[PDB]
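Please read through the structure below; I'll follow up with questions.
With one protein chain withheld, the remaining protein chains of the complex are depicted in position.
The first chain written gets the first letter, and so on, giving A, B and C; residue counts start at 1 in each chain.
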């Protein structure tokens, strides 16, 4: 068993250790070839055909670069081949839990199909990782290459989903290893760096963030009795620009008005198909689209394929679901009516989403009257990854003249031209009735609703 | 109105409303579910791109080249109608591709149905006919000034060639319109230009060919009482490099040893699934993977999805097909045994595993255990130099077409323009079987005086 | 005929024969010998690009935008003549740059000649006049359908603004004045070329899609004037354009060391100024600081002046040559600190004296550099986007305004700030320590932010 090399358009030649190859060459990992990174984004940006598989390889590769680089610069950290392998495995496996159309699945479908459960694709990744290990005899292969499976499986999981020192996989003196793949402190992790580059390459938008530079300048210093990753103070401006780029990719691509409408329609189709579709899990037991998340053998076979299974079906019980997807192909989509924003420092909460179409329909501003069933109200939260908080206040820096002393850099020390808030909310309204007289009316309800709630007058 | 689409290769592509109506059909949107490079994606993870994107790009580039000839030479009398027809042909030229693209017409259909002669291009014509007829496109064409009887014929002829001037869609004085999307004279067409750029972008290999430059320098001149596209004489070196790039993309990516083995395995899985899978066509009639090419309503639903349908199946009659695809996920692939060089004709492909298995070198193995992959590497015209079939003009006389021979360009160019490679693989992957398979292979090579 | 030029930023650029005649003059070819980013090249080794390349690119982009407005809206009655004039203005808009570009009009001339008010744009107009008059271009213009009196005025007005305030073109072609140098809001093709080109060469990636902006640009009536309007959808991308510009200033153009190198070159030029002779019209001799008064002399004033000084043996140039030798050895002046308030151009000269008078080795005003850096959105305290007109899909001739609250609550609350950096010319341990003490006391004395 040797090294394999994989050519990636974002990263070039990626070297994979034989243990990583064994993990990649499983049904649980190869599944990611059949789930698009950007979901309904592909129906607006035709370049965005990229799947989670490619992304996952890239996060494994970048997880490895950052840990290797900290190791070469600071030998006193005593970063081991074992540490490197575990960090790479976590990068490779961090997105195993994604479902059909990625963000659509955990952002839209599961909260509507199963309001009782709290599910994240990250929880899924842990469960799918457990299934992958156990059903492909990976524990002995790990031992062969010097890993200790009890400690290291825990470590890999904790890197994906998170956990007085709360972690068991590695002690405080390797705390920094937990900032690479998924950074809970501030969000600055290699996962972001891969998706910015990859999404850009494919969308046809250009990426402003130099991850290779950030890596060269990263050191480990002591902060609050913990060894953490610190950035060179000089790079502070570039980190505010990293979040700016992320928010900019959300505005243009990920929350595109039509991409979101297509995700909403697919979600609608899935909800109508949910009672009739059967996915075979462990012991031949049958699961639904919404329950396959409870059985990883079933979940393994739940991919973007589900879209085509519904579209190509002839069963009359799937007629409603299939008609929604047929309307996507013909491009008879629901129609955008307008966008607006809360002026209040209080955002609209998930509890209130269901009641919004009713509120719009009750606006008393007309030819055609319209009903709550005719409106979609899409509520979009845009932030810097920590609700109302500035992520950069949670970043540690060093200076050239004292590279072991960690410091904080406040927002006033960087620039007066930076954002005064780090979270905002956008509300888009669409209409399901698409003729001239209905759209005109829908727009009237929308503007009056905006006046009724002291929201921003629309464009 | 117009719609704008952002593409990573071409930037902002403007689509006329008629083109939008054609794109927004099930027959076109189907191309979202067929990978450009098929099994290449299982070697080059960037190659997730599908035929849909490519098809938009050929529509766009077909439009650039025809617009540019029109602006430079108004005397050609290129009409908005001509432009729309050329764009529609670029959009629709790849409608006939099946699951995993080249795999489908290169490997599967010739094995599943040896009696028929099928190309994805014939498929594109049939799928175009189905698309028109089932989406009420003829009246939309008339609305924007096309004449459907003439123009549908013209669009088809652009895709597949004619159906002693052989064409009906357009007369001799617009002959050049037939060289844009699919060039039968020499292969220099916008379809190549899109795939070089797109495949490169995604594979992670860099493209040496500047199509935008070629377009700026393209003119139409009279050659043998026919108006054809000519290249600026200065560009001759760049055209030899275009074919060099194509052949280079075949060596590294398209005929990758493992990419081809994965295509062979998928093909194997399809042959074992063929008798048991049902695809619903017109009037509810059922078709097989290999027969869906006879019914375009069925064919519409035959995409890369078929791979997952087989993989996720529980039916025992699909166990054999499903096990082959499961071995792809585990990466227990068929194993490369060796490569060699003579040409061997398509007529002989089926009989080659038998020939290998009959080698008696100084575990025995059977013909079912060997794959013999015959790979033709050329400049798109068998043994011929495509550039001998290119017309050029000079700066000082831009209407006089000329030929440029190979000795006038460089003594460092290829002496031949076609060669053939034969690879052998084994389906039995253990130590003792591979060793044997290698012995059969070398003795076979000695038996046929190959390298 | 036409010539084609391959550019790494724009691909194949087509040049009409009249534009070739303008390019093939000493006054234009001069721009091959002036670096776009000046002292930036001594920090970012990719930034070897010169103003010539940039100038071709602005000519090309000026042409794309005007051609595209013409194809989309024939009712504008944009003529081949209008197109040629806009292209010529793009080609010639940067003719006035001096040695090391921004250094020359930002730093050297205000110090060498405080009495005069000079911009490279005024220079471009004068150099354009010289180019025309000394290369017999007026009859060549007439040959290809221009009307030189009207059109020369038009080209100049495109570069520098008015000299309805315009004479070269009436109100119904107002929009032609927004292409090369946009006085209303700063959104012009000149920005677009430098973002792309600077990025390509610096090794930083450009976030702004100029080709997209062009596809979406229309002309609509605003206040009885036909202006360029952007598609409403693009408002977010325009805030990001200014964000990108400001980002290129933070990282590259105002790099601490790039600015120190510009300051050192400026210092060398000030010491060489009285001893250099550049031959102008009538054989009259000009200095580096006076060559801006005579375009024949100015023609021969390029980055070459740096090497002339560096390679000299003349004792009168010893002081200037020693400063430039210290740049090669990399014995640069040393950064002491940064701070923030605004300080006006009138006050720049007096600042080293103010620092040296701070009472916290003693040090003197000649020992300090005080570099005042203005970071804004190109209109001082103003939001440029409040001065942009937009159209909607549903009514593409109705122009509208879009306020900042309609776009995003995550946008800047301010559009201008000022940074002050201090450096010391005396580089030993004891001097730097002292220099830092003067600096912090000065900051306390003027109620500036205690330094990082």
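Assume a contact is a pair of C-beta atoms (placed from the backbone, for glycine too) under 8 Å apart; a residue touches a chain by one contact, two chains touch by 3 or more.
The residue from C:8, C:161, C:162 or C:360 that touches the chain not shown here is C:8. The residue from C:307, C:361, C:392 or C:395 that touches the chain not shown here is C:307.
For the chain left out of this panel, the touching residue among B:248, B:332, B:351 or B:382 is B:248. Touch with the chain omitted from the figure is made, among B:210, B:320 or B:355, by B:210. Along chain C, the points of touch with the absent chain fall at residues 5-9, 11, 20, 24-26, 29, 32-33, 41, 44-46, 48-50, 52-53, 56, 200-204, 279, 300, 302, 304, 307-308, 310-311, 313, 325, 328-330. Residues of chain B in contact with the chain left out of this view: 205-210, 237-238, 241, 244-245, 247-248, 251-252, 341, 377, 407-408, 410-417, 419, 451. In the full complex, the hidden chain is touched by chain A at residues 5, 7, 12-13, 15, 210, 212-213, 216.
As a convention for this text, only the chains that are shown with their structure count from here on.
If you average the Cα atoms of chain B and of chain C, the two centres end up 50 Å apart.
Between chain A and chain C the centroid-to-centroid distance comes to 41 Å (mean Cα coordinates, whole Å).
Residue positions 205 of chain A each touch two or more of the other chains.
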